[PDB]
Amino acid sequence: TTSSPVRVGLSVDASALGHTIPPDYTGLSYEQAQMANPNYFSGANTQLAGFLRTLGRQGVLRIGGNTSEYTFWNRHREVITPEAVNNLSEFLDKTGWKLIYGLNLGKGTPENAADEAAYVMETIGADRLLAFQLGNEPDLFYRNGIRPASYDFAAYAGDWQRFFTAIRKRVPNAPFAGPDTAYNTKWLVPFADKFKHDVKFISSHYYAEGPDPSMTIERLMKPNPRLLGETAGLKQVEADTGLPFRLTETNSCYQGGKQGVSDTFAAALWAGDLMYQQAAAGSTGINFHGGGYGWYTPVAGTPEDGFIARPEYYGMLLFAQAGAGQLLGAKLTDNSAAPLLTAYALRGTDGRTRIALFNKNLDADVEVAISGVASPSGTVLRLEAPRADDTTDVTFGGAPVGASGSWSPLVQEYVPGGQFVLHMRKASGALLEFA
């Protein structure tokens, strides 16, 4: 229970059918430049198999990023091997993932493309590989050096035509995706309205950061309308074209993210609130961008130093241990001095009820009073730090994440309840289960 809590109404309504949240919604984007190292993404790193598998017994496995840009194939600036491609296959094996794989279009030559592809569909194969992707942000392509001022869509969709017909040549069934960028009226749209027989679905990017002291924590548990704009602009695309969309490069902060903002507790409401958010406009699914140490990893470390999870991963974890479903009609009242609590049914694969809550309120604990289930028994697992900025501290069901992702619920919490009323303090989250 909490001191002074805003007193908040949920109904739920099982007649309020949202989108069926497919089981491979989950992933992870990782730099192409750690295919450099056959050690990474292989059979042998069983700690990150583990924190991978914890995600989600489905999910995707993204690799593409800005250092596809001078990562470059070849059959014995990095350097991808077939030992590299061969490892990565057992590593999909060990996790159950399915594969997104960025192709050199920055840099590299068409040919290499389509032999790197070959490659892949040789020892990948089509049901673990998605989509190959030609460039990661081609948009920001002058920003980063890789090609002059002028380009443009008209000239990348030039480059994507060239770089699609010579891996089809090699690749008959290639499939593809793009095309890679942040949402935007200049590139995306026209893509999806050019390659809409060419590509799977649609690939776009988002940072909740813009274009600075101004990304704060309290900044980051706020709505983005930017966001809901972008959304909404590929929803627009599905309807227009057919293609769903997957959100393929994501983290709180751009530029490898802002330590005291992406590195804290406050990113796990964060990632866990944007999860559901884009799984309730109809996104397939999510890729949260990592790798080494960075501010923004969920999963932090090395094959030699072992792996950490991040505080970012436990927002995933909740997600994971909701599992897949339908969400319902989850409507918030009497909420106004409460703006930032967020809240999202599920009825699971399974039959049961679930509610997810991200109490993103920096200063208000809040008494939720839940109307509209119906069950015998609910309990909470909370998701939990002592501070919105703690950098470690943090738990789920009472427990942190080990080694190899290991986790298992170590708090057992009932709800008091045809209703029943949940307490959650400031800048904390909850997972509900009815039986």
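The term rigid core refers to the most C-alpha atoms you can superpose between the two forms while keeping them within 1.5 Å. Numbering follows the first chain given and starts at 1. First, how it differs from the form solved in complex with ligand DNF.
- Core-based superposition between the two forms leaves all of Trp187, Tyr313, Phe265, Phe132 but one with CA shifts under 2 Å; the exception is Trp187.
- Remark: with the core as the superposition reference, the CA shift of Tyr293 between the two forms stays below 2 Å.
- Once both forms are overlaid on the rigid core, the distance between the two CA positions of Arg226 between the two forms is 2 angstroms or more.
- In this overlay on the rigid core, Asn144 has a C-alpha that sits 2 Å or more away from its partner position between the two forms.
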The other form holds:
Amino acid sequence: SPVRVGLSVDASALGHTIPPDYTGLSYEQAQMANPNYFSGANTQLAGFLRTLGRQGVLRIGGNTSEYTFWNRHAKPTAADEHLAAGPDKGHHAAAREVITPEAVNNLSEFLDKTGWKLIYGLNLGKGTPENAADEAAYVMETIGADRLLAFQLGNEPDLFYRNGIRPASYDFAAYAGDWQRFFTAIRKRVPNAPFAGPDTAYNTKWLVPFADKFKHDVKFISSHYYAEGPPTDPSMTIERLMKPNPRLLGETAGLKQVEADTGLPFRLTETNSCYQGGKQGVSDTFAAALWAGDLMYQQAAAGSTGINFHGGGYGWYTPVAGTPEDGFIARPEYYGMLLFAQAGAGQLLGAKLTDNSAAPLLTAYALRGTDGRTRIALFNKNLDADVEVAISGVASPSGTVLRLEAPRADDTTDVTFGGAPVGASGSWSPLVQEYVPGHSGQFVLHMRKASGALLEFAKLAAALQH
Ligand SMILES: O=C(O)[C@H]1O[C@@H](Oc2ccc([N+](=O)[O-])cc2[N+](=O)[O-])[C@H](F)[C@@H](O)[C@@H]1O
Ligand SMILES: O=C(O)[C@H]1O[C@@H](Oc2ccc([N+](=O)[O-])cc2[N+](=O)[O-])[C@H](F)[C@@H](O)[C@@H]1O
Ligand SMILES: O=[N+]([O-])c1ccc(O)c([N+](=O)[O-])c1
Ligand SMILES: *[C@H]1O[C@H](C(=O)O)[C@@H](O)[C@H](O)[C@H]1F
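Show the form solved in complex with ligand DNF, please, the one above being the form deposited without ligand DNF.
Below is the entire complex, every chain and molecule, led by the chain shown above.
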């Protein structure tokens, strides 16, 4: 028998706004070594991005951003024509790669085909300030001011002290030294160069200090988040992924603090289910779809202005997998992002769960969409309990439900949303839609264990609208 829970929506309790560019992805800077990947001719990948959002952000950085060197005078053939750069596995220094001018040109075409904006990593770990300045100049010229959201100076500088990029004594102080030096060189060459940071791995203590020290220099504050790791650790399981944890609590507190204290927006610029490249049998499963869609909403509710799920290649946690030669496919995690895409932008509303102690991992978010229609995204992350949700507070005669499903939580395939898989180049239309009738704002929705749902409610009295 289902666990019977209440969801009270309060349309008068307004929360944060979800902007049209909330969604996004993160990729390794090393991907720039192959100009055919982010390219106008890569119509398949662009299609997958357009389905994730009419607007969104592509972030390029990661562990490889310390090992990639802009070379304005490269032979075009320096390029690795075949490279599909998967998430860095974080065991040792990445292979050193050059970025060519044509890679930047093709990145511009790709952004033009997708309608997305760009966050671009610069090499503060091993590069010089002069080369960063030159790189920045070419990117700004090529990408354009309209599409370049920010440069970022180093990736996860809070781990430099332990990974060898710096000595064991490197700390916030020294980073702020490094950052200032690069910033000044870049701005001399590119007066309108925009910035974000500190792009930290986990260390929230760097956030307010960074935001305070560089308040007039940056557009937003950034940090990262991984639910689990390392992948070889047997405690890192699907069930664990469905649950909050102290790191998430700390990141969430960290983002609220920086926004409260400084008034600067926050963006989660690198995130996925398990670090060091993800975990087989967890990161590549239907559970990751529930995990990722729920994370997008939880972060927005806390005040995050956007997100970037890391990926690339055929990485265990990649939302999109593939290569320009063999084609691209949506992995299970993509479908959690797709639910969010389908819900769209708007303003979050009060929505409280009650009688839910026997179904503690169910989450729900109500949104007043741009078009004025109410949506509710639910994630029954309970692996073993079906739920029956008594929804109230919804001023609508009826809704449709689109289901996020797979036959088992650990399935690496068989994932559908709205009764359909995603096809080639991000193609997707709902094929199964269930009507839910309401009265006095009350609706009842059953959800199987380990499933999700998006409810879209009809306007009142709008049957004759043009
Ligand atoms: O030189 C090595 O192989 C060195 O690699 C360290 O690993 C890293 C170095 C740099 C980065 N990074 O810029 O992101 C990341 C890693 N990493 O996450 O593995 C090793 F820690 C060190 O033992 C090794 O000597
Ligand atoms: O790690 C290294 O290879 C070495 O690289 C230098 O930085 C560069 C390498 C290559 C180019 N380029 O192909 O135009 C440019 C730079 N650069 O001016 O940043 C570092 F300076 C050096 O410390 C590092 O050991
Ligand atoms: O269940 N449906 O496919 C469906 C379609 C259009 C609709 O307008 C509604 N509705 O009124 O909520 C439901
Ligand atoms: C963010 O963390 C990722 C991971 O550990 O999976 C890496 O792939 C990425 O290079 C790093 F920036």
